[PDB]
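Presented as C-alpha cells, the chain that follows is alone, the form solved without the ligand.
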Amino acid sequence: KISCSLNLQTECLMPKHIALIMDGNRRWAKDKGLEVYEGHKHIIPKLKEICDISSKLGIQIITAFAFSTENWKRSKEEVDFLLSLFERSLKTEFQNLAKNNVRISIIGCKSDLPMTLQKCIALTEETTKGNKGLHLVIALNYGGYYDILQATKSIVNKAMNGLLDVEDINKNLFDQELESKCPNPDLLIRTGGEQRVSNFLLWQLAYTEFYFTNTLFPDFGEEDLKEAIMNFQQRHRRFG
C-alpha cells in the first residue's frame, strides 16, 4: 500500500527565466547553399548576443539546449565534430560572458564527454560561480528523461541509507534533486518552425508559456526577442 493525498499535501511583467531551443541551423545552411556544419558555427556567438540583450532587459536566467542526449544516435563523425565545435566555442566566448559578469553552469551527463571538454567545463563553472549578472545554464548531453531518472536514483540512494522515508517524497523534495531547479522557465522559445519540446525539460515546463517561431536561429535578433517578450506580456493581460 502506497498512498496518495493531493487534497492535503499542497505545493517557481518581464520573464525572469527564459528557456531556448536553438533550432534551424542546418536549414539556414541548406538555404544559402553552404555545407551543413557552417550554420552551427553561429550558435554560440548568437547565444552570447542574446545574453547581452536579455541582461539589459532585466532577465535573470537563460537555459539553452546545446547538445541533446539523443545526438549520440547521429553518425560518430557528426557527434565528434559537434563536441569539438562546442569545446572550441566555449573558450572563445568564455571571456566575453565572464567579463560582463555572467555566471555559467552546465547541466547534463558530463562523464560521457571528452576529457578536455570536462576540464574546460569545470574551470568555466568555478571561475564564474561568484558572478552576479545573468545566470547562463547550458544543457550539454542533457535530457528531460535523464534529469528525472538521475533525481530518482539519488532519492532511492538516500532511502537505502536511512536518510529519508518513502512518505517524505513530495514536489519540493524531488525538485531539489533535479539539475534544473526552481525558479522554472516562465517562457520557452523554440526557433526553426517545429512545435515540440524534443525531450528538453519535462518537469520544469509544467506552467511555462510556449512561444514557437519560424525564424531560423542564425536570423534571430533583438527585434524577434522583444517580439516574444511582448507576446508573453499579452497573455498575462488575458489570464488570471
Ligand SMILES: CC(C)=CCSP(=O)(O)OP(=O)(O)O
Given for the second form:
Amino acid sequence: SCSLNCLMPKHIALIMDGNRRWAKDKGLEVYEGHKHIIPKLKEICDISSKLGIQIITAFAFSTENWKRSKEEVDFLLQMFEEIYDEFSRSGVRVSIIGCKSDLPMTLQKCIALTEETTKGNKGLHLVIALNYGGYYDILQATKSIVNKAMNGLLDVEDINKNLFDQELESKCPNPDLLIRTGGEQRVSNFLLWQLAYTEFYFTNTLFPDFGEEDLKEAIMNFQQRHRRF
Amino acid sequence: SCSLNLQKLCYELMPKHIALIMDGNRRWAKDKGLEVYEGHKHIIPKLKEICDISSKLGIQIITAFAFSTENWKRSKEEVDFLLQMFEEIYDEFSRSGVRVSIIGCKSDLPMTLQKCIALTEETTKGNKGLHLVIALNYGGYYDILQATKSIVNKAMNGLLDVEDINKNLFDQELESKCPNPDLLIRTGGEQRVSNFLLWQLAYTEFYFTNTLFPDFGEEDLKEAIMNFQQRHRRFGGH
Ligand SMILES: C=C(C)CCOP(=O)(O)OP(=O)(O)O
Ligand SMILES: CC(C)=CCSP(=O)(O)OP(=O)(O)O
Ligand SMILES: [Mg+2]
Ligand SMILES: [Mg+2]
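Having gone through the form solved without the ligand, I am curious about the other one (the form deposited with the ligand bound); can you provide its structure?
What follows is the entire complex, opening with the chain shown before.
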C-alpha cells in the first residue's frame, strides 16, 4: 500500500580522486600522491570557511578500496592517523562516518581523539567518510529500523523519508553541490540517498592540483545552474 | 555491529543496461513555436525508435524515466495530458518484440491507466527481445522505502534475521533489479539525477547532453555509446 501523490552552496560533497595518476605523471612513487590528501583537504576547509560554506563531506576511503594491494591499503590506513595532527589544533570541527571497527585500533583511537578535541569548534564542519559506502549506509539504517520494529517502537506504516533520514550516518541538510576531481563521471558508491537532488560537477583537475581558483570556478558553475533551473 | 572488509557488484564494450532521463520536451515545443505539450507527444514514438536502435546494437535493457514523484506538482492540466497520453504504450509496443514492464506506485493512477498497464505487461511478457522498463510514479526514495517495509514485515514474521540483511537481500526487494545500468543518459542540459535510480547507480557511468529529448536520435545515441566505450571502469580497485 503505497501513495506518492529535507546562492552559495551550504554543504559540498567532495570525491578526492586522481592522486596516483598525479604522482605517476611526475615520476614519483604512488604514495607521494596520497601524502597530499590530508594537507589539501585542510587547505580546502580554510578556503571554504572564508566563503561561508558550512559543511564538507569528503570521500577518503570507500568500502571497495579494500581490493587494492596490501601494501597500498596498509600505507593509507597508517597515513590517516595524521588527521589528528592536521586538525586537532585547527578551527575545524571534524567527524568520521563509516565502519570504524574494521580499522586498526590505533586509527580508531586517533579518530576518537580528533572528534573529541574539535567537538566545540563553531566553524566549518568537516565530515570524513572513511571505510564508507552508500550501500553500507542504507543497510545499517535498515537494520536499525528493523530492530526498532521488533522492539515495538514503530509500525511499518511509520516508515517514511523522514524516519529513514534520521537513521543514516549523513543526514539532512544534504549536499547542494558534489565536486569530483580526477576526470571520472560516476559517484563510486558515495552518498547515494543523500545525492538525490544534488548538482554534479566533474573536473579533470587531479586532487593534488585542486586549488582556490578551481573551487571558485565550481561554485560559479553552481550559481549559473540555479538561474537556469 | 559492522564489518565491510572481507568481500557482489551488478555491472558488466557494449552497455547491457542503459538508464534514460528524457528531459527538454517543453523547451523543444517553444523554440519550434508549437503548443506547450507537443514535445510530450513525441516521448513514446521516440522511445520506440530508441528501443529499435538499441536492440540492433545489442543492448538488453532500457529503463526510461517517464514520470517522477515530483512531477505531481506540475499544473493539473499538464498532469492529465501526460497520464492520458501514456495510454498509447499499448498500440506502440504490444505488436513488437519488446518486453515491457512498469515500475512505481501503480495504485495512485487512473484505473484506466492501471488496466492499460496490466494489459501491456501481460501481452508482451513472452517477448524475447529487449526489455523496456518504464518508471511511472517512481522515485529512488520510494524504491528504497518499499523494500525496507517488505524486509521489516518479513523480520516481524520470523522469515529472516537482522544478520541476513545484506546487499543481495536488498537487491532482491527493489523494483529495479540487477543487472544495474552501465550507462545513464540525461538529455536536456541538467547534470543531476533528480531522485531517479539511487541505489542502482552506485557505479553507473554518467553521460549528460544539452540535446533536447525530441531531437535525440540515432546519431546522438551512438555518440553516447562511443563516449561510454572510451571510459575506464575501476570499481574501486586497479
Ligand atoms: C575515496 C574515494 C575517492 C573513492 C572513489 O574513488 P575511486 O578511485 O575508488 O573510484 P573508481 O574510479 O574506482 O570508480
Ligand atoms: C581512494 C583514495 C584513497 C583516493 C582517491 S585517488 P586514487 O588512489 O584512486 O588515484 P587514481 O584515481 O588511480 O589516479
Ligand atoms: Mg581513483
Ligand atoms: Mg525539465
